[PDB]
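In structure tokens, one chain follows: the form solved without this ligand.
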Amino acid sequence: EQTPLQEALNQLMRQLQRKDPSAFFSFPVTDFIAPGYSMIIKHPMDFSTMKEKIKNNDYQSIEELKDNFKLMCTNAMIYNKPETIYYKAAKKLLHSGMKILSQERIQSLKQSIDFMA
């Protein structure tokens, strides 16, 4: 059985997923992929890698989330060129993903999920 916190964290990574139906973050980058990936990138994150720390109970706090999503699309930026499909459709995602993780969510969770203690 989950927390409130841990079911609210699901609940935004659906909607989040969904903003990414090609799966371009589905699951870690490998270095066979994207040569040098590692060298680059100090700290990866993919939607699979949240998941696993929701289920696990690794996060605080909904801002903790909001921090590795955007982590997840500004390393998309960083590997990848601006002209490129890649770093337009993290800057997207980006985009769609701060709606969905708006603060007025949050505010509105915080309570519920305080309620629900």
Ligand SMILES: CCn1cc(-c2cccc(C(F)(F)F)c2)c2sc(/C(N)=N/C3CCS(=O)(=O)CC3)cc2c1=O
Contents of the next structure:
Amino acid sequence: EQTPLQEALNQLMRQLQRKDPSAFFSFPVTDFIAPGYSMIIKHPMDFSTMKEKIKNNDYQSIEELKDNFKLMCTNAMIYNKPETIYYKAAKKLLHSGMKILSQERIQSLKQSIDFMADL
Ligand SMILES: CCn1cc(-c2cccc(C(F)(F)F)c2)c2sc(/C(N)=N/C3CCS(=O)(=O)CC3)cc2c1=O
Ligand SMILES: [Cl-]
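Return the form solved in complex with this ligand of this protein as a structure block, the form solved without this ligand having already been given.
So here's everything in the complex, that chain up top.
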């Protein structure tokens, strides 16, 4: 049922989520938990939305997911002041995530998918 691409996106997703032990990124940010968020942040992103995009075959490439991942962390490092727990969690998630999605493994994951496609 799952495409090799979807299986690889889901695998990366599980890896990234483990770098969010507080689960601050698990669900869309609500205005209750972050007053005014809907008024300020232009392109909200969270893991649950990323997961639904993979399940719904919306991702065309690993790089799209990576872009969504970076957006998600940057939104959090803008909306929140540096001294906050959310900023600190976002900085760590971003640094760890950029190793999980480093340019090296994303395109060597993709040519392995392509290699297997050609066997
Ligand atoms: C990282 C995305 N994100 C997530 C949350 C969030 C989600 C679920 C549960 C909780 C918590 F209540 F358990 F902590 C937080 C929040 S909450 C929030 C919030 N209230 N931020 C204020 C902190 C002081 S401020 O920096 O002056 C301005 C905004 C921003 C985010 C966020 O970006
Ligand atoms: Cl790390």
